[PDB]
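My structure is below; once you've seen it, I'll send some questions.
All protein chains but one are shown at their positions in the complex.
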Amino acid sequence: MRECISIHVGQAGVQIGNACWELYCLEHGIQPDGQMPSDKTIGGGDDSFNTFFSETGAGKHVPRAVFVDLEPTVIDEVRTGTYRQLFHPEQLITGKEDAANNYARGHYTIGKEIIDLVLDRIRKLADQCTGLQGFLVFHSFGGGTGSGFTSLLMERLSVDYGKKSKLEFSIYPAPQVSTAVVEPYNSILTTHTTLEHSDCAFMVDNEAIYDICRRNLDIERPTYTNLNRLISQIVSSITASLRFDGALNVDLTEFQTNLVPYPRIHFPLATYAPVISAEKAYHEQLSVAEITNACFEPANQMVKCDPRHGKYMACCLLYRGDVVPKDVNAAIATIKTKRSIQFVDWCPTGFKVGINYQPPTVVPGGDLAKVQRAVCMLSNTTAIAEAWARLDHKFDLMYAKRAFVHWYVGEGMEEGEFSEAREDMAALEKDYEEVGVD
Amino acid sequence: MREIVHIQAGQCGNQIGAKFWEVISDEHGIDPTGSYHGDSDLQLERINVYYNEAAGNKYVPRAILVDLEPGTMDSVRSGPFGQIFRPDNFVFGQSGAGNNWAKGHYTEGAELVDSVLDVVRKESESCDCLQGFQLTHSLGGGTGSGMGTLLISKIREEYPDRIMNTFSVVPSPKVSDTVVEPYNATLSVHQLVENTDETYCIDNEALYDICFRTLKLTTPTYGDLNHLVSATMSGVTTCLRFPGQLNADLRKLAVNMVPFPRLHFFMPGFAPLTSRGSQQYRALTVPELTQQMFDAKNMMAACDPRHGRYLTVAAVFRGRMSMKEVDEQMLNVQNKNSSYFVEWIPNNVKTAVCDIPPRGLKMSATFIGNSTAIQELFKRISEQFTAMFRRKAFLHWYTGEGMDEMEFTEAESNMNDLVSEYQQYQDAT
Partner (left out) sequence: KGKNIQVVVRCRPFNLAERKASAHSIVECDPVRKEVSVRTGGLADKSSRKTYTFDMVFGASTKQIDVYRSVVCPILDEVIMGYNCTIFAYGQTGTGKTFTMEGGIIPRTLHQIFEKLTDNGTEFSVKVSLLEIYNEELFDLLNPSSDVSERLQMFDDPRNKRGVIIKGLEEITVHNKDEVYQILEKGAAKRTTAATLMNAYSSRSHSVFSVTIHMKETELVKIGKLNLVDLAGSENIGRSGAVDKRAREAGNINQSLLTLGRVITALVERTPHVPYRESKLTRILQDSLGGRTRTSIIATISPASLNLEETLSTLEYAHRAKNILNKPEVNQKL
C-alpha cells in the first residue's frame, strides 16, 4: 500500500535506520537480497511492504529508504553489507566530507552539495511511489552531520512537501555526559529552529534509555546495535499498527493529531511498554494491566522522567498480540482508579488507544524475548521540557563561555541565533509549563 | 585519501620522522615491494590511499627526506625499506640547518623551496585534498628548528586551507648538549608556534626518563623512543583513517580541542601509558588504560597533571569498548578531580573507538591535554636564554644567522605573554 521512506542522518541516523530496515526485511521474511525466497510481500505489496520496499524488477523488493552521510565511513559499511545488495545504489548515497560535528558548517558546507542529489533521489522515489503517510527522520543531535544536515533538510522538506507529515527520531544527549563539547552547541542550535518547522521532534535519553535498557538487560553492556534494536522494534510496532489493522487501527497521524492538542506541543513523549529487556521479556507474561503499569513506571520510561511530575494530558496505547478490549478496560479501570498517573483536567479521557492483531514486532536477533502485547503511549509533561532545559544549561554555560563562537562564525552563525535557541527554549519551556499545567 | 605528507627533518627527525614513517609502513604491513603483503583489505585500502600505488602496486610513502647532511638520508635509505620510497620522491639539502635554526633557516630555504615544490606538487596532485601535513624534526636541535622555521611559513602559507600539525622534539630542560642548542630551537619554535596551527611536542628528557625508567633498560634508545613516539602518532592516523565504531574527524576533534581556534595547540598524550616491563607484561583492563593515562606518568612530557590543567583531554580508544566501559571511564574523570575536569565544559573528554583494535593490544588510547608545568618550564628555558642573553654569547653567529635581536626579544616576549595564560590554563579547571 502506502510506502514510507526513512532518512538517516549522521552515522547514528544511518545505523539506527539500518536496524529498522533489516528488521523490516526479516519481519517480512524478505531476504536481505531484497527478493525474498519467501513469497512476495504480504498481501502483495502490503502497506507495510510498500513502505518497507516496493516490488519491482518485478519480483524484487527494494526498500524505500535514503541513507545520507557527510562522512563516507558509515555508508561504505552499507555498501559492504549483504543488505547493500538489496539496496540499489540509487537509494544509498555517501558523502565525501564528514560533518565532523559542526552543525552549522556541516549544514552549510555539506548540505548544499548533498541536498540536490538527495532531493532528486528522494524525489524520484517519491514520484514513483504512491506516497508516504509520513516519513521518518533519523539523525544525531550530537553528530554534526545530523545537526547540520537536519537543519538544511527541515526547511527544504517543509517548504516543498508541506502537507506530507514529518517525524524525527533524534538522539538527545544524555544529561549524564555529552559526546563533544560541540554537541550542546550543535544540539540546541540545530534543534530549535528545525523543530518549529517539524511537526514534532523526538529526542532520546541516551543515558536514561541506555541505563534502563542495560539494566533491563541486567547486562554489563547493551550493544549499540542492541540499543538500536530496541528502537527498531518499537518503531516496527508503530508501523505495524498503521500498516496492518490491529484490533483497533487508527490513522497514526490522525490519531496523533488527536494526541497532540497543540501543534505547540510538537510531540507528546512516547513510551513503549512493557519495558521489555530480554530478561524482562522472559520474566513475565505481560498483562494489559501489567504492561500499562510497567509502562507507567519510569523504569519503563526510556526517558528518565518523573511521570508524576508531568501531568498526563492524555496518553495513547498501542496494542500488539492478541488483546481484548475488556482487558483494556480492566487496565483502564486500574489506570483510572490509580491516582498516580495524573490526568490533565483538560482531557477527561484517556482515549484513545489502538490494538494490533499481530503480536508485537521484534527486531531481528532481538535481544529481548517477545511480549504478547506491545504498547506505546504519549504523555505531555513539563518535566520532559525540563530535560531539554537540563541540556540547555550546559549549552548556556558554553554560551556564557562564549567559547565555540569563531568556529560558528566561520559558519557565520550568530550568538543571537543561539540566544534565540535559548530564548526559544525558555519560550518553549514556558509553553510547556503552560500546557503542562492542568 | 586525504593523505598527509610525512616529513622527516632535523637529524633527530632524520631518525625520528623516518622511524615514524617506517614504522607506519610497518603498520602498513605492505611488503617491502610496496605491494601489500597484508591480506587485510581494510588496511590495504587505508594504507593504499595513504601511499600512492606504484606499478606493482607499490606503496609510495608520503615522506620527504631531509638531511642535515646528505649522509643522514643515506643512512635512512640504507636503512630498511629504502626501496619502498622511490628515491625520486625525496630529496634533501646537503647543507641542512647546520644546528642553526636561523642559519639553517636562511641557507636551507633555497634548497627547501626546490625540494618542497616538487614533492608538494606531486602530493597536491596525489590526493584531491590532504588533511594536512605532518612534520618530524627536532626543534631543540638546530636543524629541526632551522629547517622548520623556514619551511613552516611557506608550507603553511601555501594552503591556509590545509591544517597542519608539526612534531618536534623539545629540548630537555633538564640538560642541553649546549645552551645554544635550545637557542636555535627557541627562536624556531617561537616563530613556529603561531605559524603552525598545531604543534605536538614531548620533552626529550621526560620521554627519555619515562622510556628509560619504564624500560628498565640501561637507557632508552633513540630509535626505540622514536619508535614509541611514532607508534603514538600511528595510532592516531590509523584510527582516524580506519573505520571506527565511533570515529571523530580530525577537523572536529581539532576544533573541539581548542575551547576555540584561539588556543594554538594542545600537547600530545599517549596511551596506554605503562612501564616497559609493566605495559609489556601487563594487559590493559578497560579502565586500565584510562588510569595510566590519568596519571602524570602517562604524559610523555613530564608534567604534574595537577600543575598542568587540561583544556580538554581526548583519548582514542582503539577497538570496541563496552558502553559501560565508556561510562566507567568517563565517570572516573569527572570524579577524579574537580579542577582536573574543566569546570566550564562538562564532557571535557572526547573519545572515539577505533573500529579495529590496534595491531597488538586490543585497546589503545591517546591522551589529549596540555601540561601547564611543562609549558611554563619551557618558557623558563627561554629565560635561561635570556640569562644567556646577558652573556650575549654567539650574538655574532646569530648575526650571521641574520636574525635580529628584536626577533629574539619578541620571540620570548610573545611566549612570555602566552606563558602566563598557560598558568591560567592550570588555574582554570
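In this document, chain identifiers A and B correspond to the written order of the chains, with residue numbering beginning at 1 in each.
Here is the rule we go by: a contact is a pair of C-beta atoms (placed from the backbone, for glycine too) under 8 Å apart; a residue touches a chain by one contact, two chains touch by 3 or more.
J.: With the missing chain put back, one of B:74, B:158, B:328 or B:421 would touch it. Which one?
T.: Result: among the candidates, B:421 touches the missing chain.
J.: Which listed residue, A:283, A:326, A:338 or A:402, touches the chain dropped from view?
T.: A:402
J.: Of A:324, A:333 or A:426, which sits in contact with the chain we cannot see?
T.: Residue touching the absent chain, from the options given: A:426.
J.: Of the residues in subunit B, which ones touch the absent chain?
T.: 261-262, 406, 410, 413-414, 417, 420-421, 424
J.: Going by the touch rule given at the top, which residues of subunit A touch the chain that is not shown?
T.: Within subunit A, the residues that touch the unshown chain are 104, 108, 402, 405-407, 409-417, 419-420, 423-424, 426-427, 430.
Everything that follows uses one rule, which is that only the chains that are shown with their structure count from here on.
J.: Based only on mean CA positions, could you tell me how far subunit A sits from subunit B in angstrom?
T.: Here the centre of subunit B sits 43 Å away from the centre of subunit A.
J.: Subunit A touches which residues of subunit B in the complex?
T.: Answer in residue numbers: 243-253, 255-256, 259-262, 312, 322-325, 327, 330, 344-348, 350.
J.: Under the touch definition given earlier, write down the residues of subunit A that touch subunit B in their complex.
T.: Per the touch definition, subunit A meets subunit B at residues 11, 71, 73, 76-77, 98-102, 144, 176-183, 210, 214, 220-224, 227, 394, 397-398, 401, 403-407.
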